[PDB]
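The lines below spell out each chain.
Number of protein chains: 10
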Amino acid sequence: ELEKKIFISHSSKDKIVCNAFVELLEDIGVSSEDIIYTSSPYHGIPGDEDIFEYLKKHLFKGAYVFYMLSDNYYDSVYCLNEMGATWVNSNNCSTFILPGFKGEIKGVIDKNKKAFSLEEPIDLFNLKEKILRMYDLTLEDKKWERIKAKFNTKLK
Amino acid sequence: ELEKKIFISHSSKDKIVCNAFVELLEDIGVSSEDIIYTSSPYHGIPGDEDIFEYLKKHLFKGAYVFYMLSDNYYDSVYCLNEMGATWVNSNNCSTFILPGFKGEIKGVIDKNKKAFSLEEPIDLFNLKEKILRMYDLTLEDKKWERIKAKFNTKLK
Amino acid sequence: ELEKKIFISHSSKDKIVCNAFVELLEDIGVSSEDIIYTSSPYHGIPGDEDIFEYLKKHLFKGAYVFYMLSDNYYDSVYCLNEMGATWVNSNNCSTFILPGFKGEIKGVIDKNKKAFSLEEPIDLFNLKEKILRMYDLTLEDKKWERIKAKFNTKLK
Amino acid sequence: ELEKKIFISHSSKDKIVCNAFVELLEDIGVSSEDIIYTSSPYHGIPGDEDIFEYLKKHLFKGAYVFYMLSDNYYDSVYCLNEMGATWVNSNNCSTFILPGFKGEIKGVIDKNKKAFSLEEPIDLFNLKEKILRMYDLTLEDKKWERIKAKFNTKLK
Amino acid sequence: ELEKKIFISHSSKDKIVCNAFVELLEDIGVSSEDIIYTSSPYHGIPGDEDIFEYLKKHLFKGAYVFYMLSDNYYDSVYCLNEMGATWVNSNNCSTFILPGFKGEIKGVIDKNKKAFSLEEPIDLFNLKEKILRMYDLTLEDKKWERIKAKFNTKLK
Amino acid sequence: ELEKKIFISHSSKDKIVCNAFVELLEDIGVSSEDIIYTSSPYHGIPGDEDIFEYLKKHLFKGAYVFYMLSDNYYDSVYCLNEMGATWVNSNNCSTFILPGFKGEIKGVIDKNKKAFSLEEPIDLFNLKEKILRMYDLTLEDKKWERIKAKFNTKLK
Amino acid sequence: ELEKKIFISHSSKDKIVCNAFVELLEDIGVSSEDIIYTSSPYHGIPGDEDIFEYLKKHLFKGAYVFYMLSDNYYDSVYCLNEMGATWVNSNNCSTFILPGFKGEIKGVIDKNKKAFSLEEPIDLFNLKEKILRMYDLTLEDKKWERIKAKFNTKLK
Amino acid sequence: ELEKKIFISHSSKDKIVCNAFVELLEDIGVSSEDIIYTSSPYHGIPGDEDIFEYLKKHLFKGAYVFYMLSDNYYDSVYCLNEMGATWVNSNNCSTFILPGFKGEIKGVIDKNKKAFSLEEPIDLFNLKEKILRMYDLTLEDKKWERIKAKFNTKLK
Amino acid sequence: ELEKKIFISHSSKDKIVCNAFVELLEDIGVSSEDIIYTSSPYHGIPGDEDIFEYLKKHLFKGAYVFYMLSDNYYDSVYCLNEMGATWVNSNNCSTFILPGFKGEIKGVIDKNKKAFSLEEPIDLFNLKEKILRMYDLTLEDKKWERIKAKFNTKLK
Amino acid sequence: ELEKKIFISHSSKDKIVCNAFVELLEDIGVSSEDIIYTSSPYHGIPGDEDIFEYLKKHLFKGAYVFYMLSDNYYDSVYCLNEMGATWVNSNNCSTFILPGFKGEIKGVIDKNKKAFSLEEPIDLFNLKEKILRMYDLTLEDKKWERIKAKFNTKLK
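Chains as they are written, first to last, in the deposited numbering: chain B, 111 to 266; chain A, 111 to 266; chain E, 111 to 266; chain F, 111 to 266; chain I, 111 to 266; chain G, 111 to 266; chain H, 111 to 266; chain D, 111 to 266; chain J, 111 to 266; chain C, 111 to 266.
For reference, chain B alone in the conformation it holds in the complex:
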């Protein structure tokens, strides 16, 4: 049912990079309602709602999970619980290596899967093509340079 959503599994200590990533996803043309990002007031959890039950519903109905791996991802319990919850159900997933992560991919995640980096223009081009293939969208060159500049200046 919810296969079209994008559950961005992350840590709260990676706020800025994940914010920039979500903003780029919006810029390419992803509807702002399809990103279940629980660290932004505009995609977070509705008020007067159960947090964990709200997450469980989305994970159970099937959501494209995004592991934004980093050191803090493996230092937080809830992130590993989410990894297990998406492993057992066999939800569509994808790994994203945040800058500065030189560690080992532990846990029950598929360790023999190629991860997406976010460090050089070719990486961003590959990610853009991935998203456009996923949601069947279209983007033009001038816009792509503008978005790339925005993302790069956000990280800096």
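Do not rely on the hints blindly, as some may be mistaken.
As the list claims (entries may be wrong) - Derived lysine to any residue pairs resembling SDA-like cross-links, with alpha carbons at most 25 Å apart:
{"id": "1", "chain 1": "C", "residue 1": "114", "chain 2": "C", "residue 2": "148"}
{"id": "2", "chain 1": "D", "residue 1": "240", "chain 2": "H", "residue 2": "248"}
{"id": "3", "chain 1": "J", "residue 1": "240", "chain 2": "I", "residue 2": "163"}
{"id": "4", "chain 1": "I", "residue 1": "212", "chain 2": "I", "residue 2": "230"}
{"id": "5", "chain 1": "J", "residue 1": "125", "chain 2": "C", "residue 2": "259"}
{"id": "6", "chain 1": "A", "residue 1": "212", "chain 2": "F", "residue 2": "185"}
{"id": "7", "chain 1": "A", "residue 1": "260", "chain 2": "H", "residue 2": "151"}
{"id": "8", "chain 1": "H", "residue 1": "264", "chain 2": "A", "residue 2": "150"}
{"id": "9", "chain 1": "E", "residue 1": "221", "chain 2": "A", "residue 2": "203"}
{"id": "10", "chain 1": "E", "residue 1": "264", "chain 2": "I", "residue 2": "230"}
{"id": "11", "chain 1": "G", "residue 1": "238", "chain 2": "H", "residue 2": "147"}
{"id": "12", "chain 1": "H", "residue 1": "125", "chain 2": "H", "residue 2": "138"}
{"id": "13", "chain 1": "A", "residue 1": "252", "chain 2": "G", "residue 2": "248"}
{"id": "14", "chain 1": "E", "residue 1": "258", "chain 2": "B", "residue 2": "154"}
{"id": "15", "chain 1": "F", "residue 1": "171", "chain 2": "F", "residue 2": "219"}
{"id": "16", "chain 1": "D", "residue 1": "266", "chain 2": "H", "residue 2": "228"}
{"id": "17", "chain 1": "A", "residue 1": "123", "chain 2": "D", "residue 2": "228"}
{"id": "18", "chain 1": "H", "residue 1": "252", "chain 2": "D", "residue 2": "228"}
{"id": "19", "chain 1": "G", "residue 1": "253", "chain 2": "F", "residue 2": "140"}
{"id": "20", "chain 1": "B", "residue 1": "216", "chain 2": "B", "residue 2": "174"}
{"id": "21", "chain 1": "A", "residue 1": "221", "chain 2": "F", "residue 2": "122"}
{"id": "22", "chain 1": "B", "residue 1": "264", "chain 2": "I", "residue 2": "255"}
{"id": "23", "chain 1": "G", "residue 1": "238", "chain 2": "A", "residue 2": "251"}
{"id": "24", "chain 1": "F", "residue 1": "260", "chain 2": "G", "residue 2": "258"}
{"id": "25", "chain 1": "D", "residue 1": "221", "chain 2": "A", "residue 2": "148"}
{"id": "26", "chain 1": "B", "residue 1": "224", "chain 2": "B", "residue 2": "184"}
{"id": "27", "chain 1": "B", "residue 1": "252", "chain 2": "J", "residue 2": "264"}
Unchecked claim - Residues of chain E clear of chain B, computed beta-carbon distances all greater than 12 Å:
{"id": "28", "residue": "127"}
{"id": "29", "residue": "134"}
{"id": "30", "residue": "140"}
{"id": "31", "residue": "142"}
{"id": "32", "residue": "253"}
In short, the hints are calculated from the structure, not lab data.
The beta carbon of each residue, even a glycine, is placed where N, CA and C say it ideally should be.
Chain B is already provided as a structure; the job is to place chains A, E, F, I, G, H, D, J and C on it using the hints.
Quick look at chains A, E, F, I, G, H, D, J and C alone, frame taken from chain B:
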């Protein structure tokens, strides 16, 4: 399907105590084929079978999970992934406190549930009654004293 | 009986923010005879009445309670007694984090329920939508900007 | 329904005095299945049950609450929520000043009700007479001296 | 011809506020191919083109003009030349008082036409309604409370 | 006549352990007036009474005797005279090996009769069954796990 | 009458090996109430009973006697009187060489009868088959390997 | 074509353990013309033949590989080349941890596939059942005990 | 005649940036023969050839001249002479601000012509489009994301 | 199927020299979509693909393989597995001795096949001629001098 099995989540650094615990169950009348303790040659994963897929089959089919909580259950990625896998599926659960766990319950595990201790005679009596109610068995007092003595000497 | 009334639980040291909040509630179109705010001469306890008997009569009848959670709310015996009363009675409840509060939600109040903030414009929009849905009201954009500006000026 | 049961409200930092008090309660002739002392393995919450739901049901049903007033009863949130819970429901109550407490009775508890001390023999005689009258029991003098000696030895 | 293209007359020392204003114009839904903001690489003069003939053609063709007046708009020969060209050609005009400008509207621009302030929620609401009516657009409140927050954060 | 009484022969140097033993009986359901223990103020000899005539009369009438055998029972004259009186009168008797005794059962006591240990849980279960069958009593497990814990902690 | 009961003749010094052998007998499926192992509390002599009269009655009624021949068996009187009592009555008997016994069989037990050593897998298989034939039981291979490993670990 | 053979990858420094393992395989009923153990004159490379072309043909045509993993297995280049050759060809394979190998699996062989240890009787029972199911053979319990004794003597 | 040939006018103290620029031009698909960059052994002046006459033969016949403007370009005597030689003949021209040039354009170069900066992705996109328009070439994205990366890594 | 592709086996510690060699391969005329160099983002494994199955398919389909033999090529397990895969599959092979390697050619690759050096002009000429004959290309000396200088500078 596999609602009558027991999945003893644990850390391999707590091999001794858990061992005794599982043995206790077999004394009360739990068939040795129900426990899926994966740190004993007689209950572990059969040879030439994928480990993680084998565990996932049982967790997905609805094994009655036991959380053998301790300072090591929160310092192992696979145990937290197991916690997450049981959380999102709504598997029947039950907490257990290993001796010396003077700490806080974290993660998505129900923090307001009542845990079972394994220190005093009343604790073991309550656990025995729990298991007897679960599997619909009967026991005699003399057997119970023998089993309790065995368990206590094993822990020491 | 008193299901449609609002019992604004608060600490007397947060008078200004609660005054602005209740004034905004009235502005949106909530009749001033429903709000029960015992730090204002116009909603407080009538004269020649028993304070605690009046408050208990209102709570026991099912007043929709709002928790003005802040640092002074958890340093006031009477406020915690109101929290316990509404907890046991199972009254409809809603949490509101006053500006500047970054603590932990202790007590028997549901800790996994999402709280309403009062900092960004989106929080006030969500609060306005909640109130309009609750009381079946309507509002116009111009009035909304005027009310928001009034609230911001009051807090400033 | 639960008028006869005794709900011993207390703080977890007053375990020794409350243990002596509850043991004396049992000695006088009160069956241990009525006391709902929560810091005792033989009176606490059954395993696999919700803590707060259990306590809330017991209070809502009309348990005869006892206040163990001390310097820690007014430095513990949950105790004050219990106070408010028993205040709003109008449950039968009774104050008990633990030894060493010389403070002021705050909160919504009746401040003009006479409290029970636990220091001198006349206080224990009055408490014993209260319990015997409440539960319609009988006692003999020799047993009373033995119980008093046991209590005083426990406190020392 | 170029009647639907916004020409943004401004000084080069007020580039931050004009950048925020143009970004808001784009957010409401104004195509980036219309705004002519010669202090931005994505809206400025194409390379290998005459700087002044380009603006001369754009003004002569009838571009809607926005006067971003401030203390620098009256200290720049080129800005006053654009004002004169707009006055002589009788192009559609709209005034805009940048924050901090509390002076007289000199020159040949209509001193009786009402200006558009940008320093309060009602002003931004009026500007948004003006633009939506101008280009026959549509906007939703949930997006508006985010766009306004973006603008305020930029100006702050 | 006094067959229903119990005469606990012992040595004062074993005051502690013997004490606990007597209390255990009192918990099982033994009337406190049927235990003639001459080292506790509540069972000892009355005042203004001959110390030795009391014991002589009680032994003559046929009190059941429990030999608390230890290294001090064989280093105290009076204990040996009590053993001789029991032997000559042929009163019902039972041996009890206190923790620590590893010597030989000397004297005129029947050396072939099996003793009663008080070390392991099975020994306490056998003692409980003996007392229950002797005095025609009844007990419940939930209270036995508490009585045994009391005994063990007192001896500890 | 008691021909279905086992009587394990042995010396108290050879305790560990006999304990392991009795446990092996119990796991094979022999009721724990048939083995008469006086060095174990769970099969020993009931309290307040004549030791020698009890053993004499059990041997007179009839019982298989397993001679745990060893060096200490021929250095203890009571073992030799047990052997003589078995011989005179024509009780069914079996021999069981304990590890390390490289001496000569003496006394009145048939010196030509074949004994049951226990120091290799084949001996344990033969013993298991003998016991199964005796009591008409059934065993499975996996359980047999588990029991063999347990016994070997205990002897080690 | 040669899928019924058993290619036994190993290192020449593990001659004794692999010799015992191959002898056990033959004893269970595996024809000596199937095993291709290189370090034995009765299963080695026939004379006047290319050393490597023979193994190349056997691996290419299909052969059940037996990774006899150990420390010396990861210091021999040829062993790693055989590992790669069987990996790319998709050859049926199994893993066997030799005694004393405390390391971790590396290379391109499934690290999540369960292996067959050879330490305890249950491991040998599992291996025996595996082989019997593989080649559709039969065995007798006494024969199995003799074979296990021989293997243990060889390994000792 | 030589209108196709490019004539990169520069200063020898801007060697690195001009080298990177020429390499980018070559990568896009400009024949290495066309560029008349004189600071490279591969495009410079042949041997045994007059320098100034060789440059004049190209400037006179017509050649797209690129002005790599910088502080050093206005600090040399030959660069200004090339500027005048291309001004008098009216050869096709193009300006290029090398990074760090914050000065004012002087001389007889058209000072109202928009110049190509090289700092940000949009500038390089515009340059690429200009060159593709010039020489009628085609370039794919995956190649551009690599050529651009080469350029920035060289300039860094 | 993949006879016209190049697979470049190497260690990850010799990435600089292999990068220079691959750049030279592209310079000579080899299309960039034929070199499979997994240490470069532009030739590596596409994202969201199995790392090992991709190389397995490429090798199984018959990719021309170059062995970047060196000291680090014999300390890597994966390289020795690719060597075995090529040996068993009989893929076309070519050796390349990286600078500084003065050891023995072990493994299962032809030790009597002459290798290719990369340290003197004649070696690079031979490599260039080999590649040109392989792919049926053409090159000019004026370009060859620049390519050789580039390679030498890169290695320097």
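Hints, verified against the model:
Between residue 114 of chain C and residue 148 of chain C the CA atoms are separated by roughly 18 Å; this keeps the pair inside 25 Å, and the hint holds. A threshold of 25 Å between alpha carbons decides the hint, and for residue 240 of chain D with residue 248 of chain H the separation of about 24 Å falls inside it, so the pair holds. For the hint linking residue 240 of chain J to residue 163 of chain I, the alpha-carbon distance of about 21 Å falls within 25 Å, and the restraint holds. A threshold of 25 Å between alpha carbons decides the hint, and for residue 212 of chain I with residue 230 of chain I the separation of about 16 Å falls inside it, so the pair holds.
At roughly 18 Å between alpha-carbon atoms, residue 125 of chain J and residue 259 of chain C fall within 25 Å of each other, so this suggested pair holds. Between residue 212 of chain A and residue 185 of chain F the CA atoms are separated by roughly 22 Å; this keeps the pair inside 25 Å, and the hint holds. A threshold of 25 Å between alpha carbons decides the hint, and for residue 260 of chain A with residue 151 of chain H the separation of about 13 Å falls inside it, so the pair holds. Restraint check for residue 264 of chain H and residue 150 of chain A: the C-alpha separation of about 17 Å stays at or below 25 Å, so the hint holds.
Pair hint residue 221 of chain E plus residue 203 of chain A holds up; C-alpha atoms about 21 Å apart against a cutoff of 25 Å. As the CA atoms of residue 264 of chain E and residue 230 of chain I are separated by approximately 15 Å, the hinted pair is consistent with the 25 Å bound. Note on residue 238 of chain G and residue 147 of chain H: the hinted pairing holds, with a Cα-Cα distance of about 23 Å set against a maximum of 25 Å. For the proposed pair residue 125 of chain H and residue 138 of chain H, the alpha carbon gap of about 20 Å is at most 25 Å, so the pair holds.
Taken as a hint, the residue 252 of chain A and residue 248 of chain G pair is honoured in the structure, with Cα atoms around 17 Å apart against an allowance of 25 Å. As the CA atoms of residue 258 of chain E and residue 154 of chain B are separated by approximately 23 Å, the hinted pair is consistent with the 25 Å bound. Under the criterion of a C-alpha separation no larger than 25 Å, the hint pairing residue 171 of chain F with residue 219 of chain F is consistent with the structure, at around 19 Å. For the hint linking residue 266 of chain D to residue 228 of chain H, the alpha-carbon distance of about 19 Å falls within 25 Å, and the restraint holds.
Restraint check for residue 123 of chain A and residue 228 of chain D: the C-alpha separation of about 23 Å stays at or below 25 Å, so the hint holds. For the suggested pair residue 252 of chain H and residue 228 of chain D, the alpha carbons sit about 16 Å apart, so the restraint of at most 25 Å is met. Of the supplied pair hints, the one linking residue 253 of chain G and residue 140 of chain F holds, its CA atoms being roughly 15 Å apart against a limit of 25 Å. The hinted pair formed by residue 216 of chain B and residue 174 of chain B meets the criterion: a straight-line CA distance of about 20 Å does not exceed 25 Å.
The hinted pair formed by residue 221 of chain A and residue 122 of chain F meets the criterion: a straight-line CA distance of about 19 Å does not exceed 25 Å. Restraint check: the Cα-Cα separation between residue 264 of chain B and residue 255 of chain I comes to about 22 Å, which is no more than 25 Å; the hinted pair holds. The straight-line distance between the Cα atoms of residue 238 of chain G and residue 251 of chain A is roughly 12 Å, inside the 25 Å bound, and the hint therefore holds. Pair hint residue 260 of chain F plus residue 258 of chain G holds up; C-alpha atoms about 19 Å apart against a cutoff of 25 Å.
With a CA separation close to 17 Å, the supplied pair residue 221 of chain D and residue 148 of chain A stays within the 25 Å bound. For a cut-off of 25 Å, the pair hint linking residue 224 of chain B to residue 184 of chain B stands: about 19 Å separates their Cα positions. In summary, the hint linking residue 252 of chain B to residue 264 of chain J is supported, as the alpha carbons are separated by about 24 Å, within the 25 Å threshold. With a minimum CB-CB distance of about 18 Å to chain B, residue 127 of chain E clears the 12 Å threshold, and the non-interface call stands.
With 12 Å as the threshold on Cβ separation, the claim that residue 134 of chain E sits away from chain B holds: the shortest Cβ distance comes to roughly 16 Å. Non-interface status of residue 140 of chain E relative to chain B is upheld: no Cβ of that chain comes within 12 Å, the nearest being about 17 Å off. The claim that residue 142 of chain E lies off the interface holds: its Cβ sits roughly 24 Å from the closest Cβ of chain B, which is beyond the 12 Å cut-off. Every Cβ of chain B is farther than 12 Å from the Cβ of residue 253 of chain E; the closest lies at roughly 22 Å, confirming the non-interface assignment.
In the structure shown, no violation is registered for any of the earlier numbered hints.
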